[PDB]
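Only one chain is given next, in structure tokens, and it is the form deposited without the ligand.
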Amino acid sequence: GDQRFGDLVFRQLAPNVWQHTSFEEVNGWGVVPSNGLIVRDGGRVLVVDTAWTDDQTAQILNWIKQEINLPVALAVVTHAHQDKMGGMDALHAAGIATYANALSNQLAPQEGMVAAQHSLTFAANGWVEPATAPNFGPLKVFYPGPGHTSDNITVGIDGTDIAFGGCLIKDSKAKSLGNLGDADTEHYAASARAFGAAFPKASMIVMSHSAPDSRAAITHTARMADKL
């Protein structure tokens, strides 16, 4: 079921999980949807990724205030690209603590993005170091390796059958991995598979530019990456 607030679209995926969608015209691609998540965790709300712009991100915050009416404690952004970090200033103006891979924060200035306030670091097995992600509630953050970008991270939602692949994962019907300009073509397949292995039971795979899919999205993405 889809709900609308301004230029955004919201779809409920689980009793306490919603997908947020914002659009931007991208040369050679079209009017591209970018998806993120909204998670209600007891008396607070957690956000995964911004919208493409500050104005669109402010609309996510206003929709949370209206439909959920619980304060937004934090946001995790999954890499330093406009569709995931374009709205950082809107989060900061609202007093929301922001987190990103330390590498995302390092790359953010070069990418024309505003860095997150806090940096996440990861173990050699890809799992986030818990001292860098305190009070993340059901969010389980995993760095699968370089793929779509060198800094892309993924998030699993504990207590649900959902795992969010961000821009690393394409749906099971995709014909390419899209723009490979910032991609790691040598490690993409292994990174896609590391994401699948980190959340081995998730049956609903959420991704940035397609509607939620089955685990066939992971298998297919990795098969496409094997040809690179």
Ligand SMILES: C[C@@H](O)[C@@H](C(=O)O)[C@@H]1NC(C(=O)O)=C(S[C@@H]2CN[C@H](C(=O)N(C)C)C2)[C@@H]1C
Given for the second form:
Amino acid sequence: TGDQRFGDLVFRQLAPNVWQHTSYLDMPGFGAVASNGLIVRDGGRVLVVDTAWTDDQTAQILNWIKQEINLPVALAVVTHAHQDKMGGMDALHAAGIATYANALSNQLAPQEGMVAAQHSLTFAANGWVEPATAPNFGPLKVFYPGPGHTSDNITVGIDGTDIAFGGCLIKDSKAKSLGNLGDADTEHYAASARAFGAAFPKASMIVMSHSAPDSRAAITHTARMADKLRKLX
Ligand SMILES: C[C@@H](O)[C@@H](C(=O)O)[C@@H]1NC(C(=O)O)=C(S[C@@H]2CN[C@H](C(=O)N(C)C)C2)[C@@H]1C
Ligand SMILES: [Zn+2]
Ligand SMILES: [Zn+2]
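For comparison with the form deposited without the ligand, please write out the form deposited with the ligand bound.
Now the complete complex, all chains and molecules, led by this one.
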């Protein structure tokens, strides 16, 4: 496939300096649910997008980095306050890694059961991160598309590549549903999905939390499912 197993994780190289990490929830009651994030080598440092489901899994990602890249992890950015994205914050913090999330993700974190990130990102009215709140992010281009999967969901493009990361906002072009809608904004979801597409108009590889990377069809298929959901009444 391109995938490689390391312990209980899977890693897939997407570009010379980008890899997808995948971890699987092992809670007795759920199936082995996959969640994806990214690792980005930015020259002499590594940037992480999302934790794994648990601290231990997150620590395994750090060991894979240490072994396969062996550069310091300068920062991590997490894309919303749910377990699959922020479940491993304590592992990041035990490793002395500076962590960033949407201010709103840090405000929601105690209610959701997550450890807040150390630093809060804020956004302009057009959705682009305020650069003063995202210092030395290198190729990570952080975009808040509006409420969708959750109120706080953020997305990230990787400059120098054709990759954009949707997180749980975007589902693959064959998905049957939008997944967990318990925290979703059913009115704005579709528009937020289209905004993500518009913010990264040249990205041709769309990475998402719960499916393999897909084409831009993932974006339009998500926005459709979201508009169907809005119109059910
Ligand atoms: C527990 C959360 O991390 C949860 C969420 O993000 O809302 C997980 N993330 C999502 C999602 O929509 O991004 C879900 S549903 C996901 C999509 N495919 C699986 C599913 O549909 N299930 C029936 C669990 C897993 C997971 C339960
Ligand atoms: Zn979520
Ligand atoms: Zn998810």
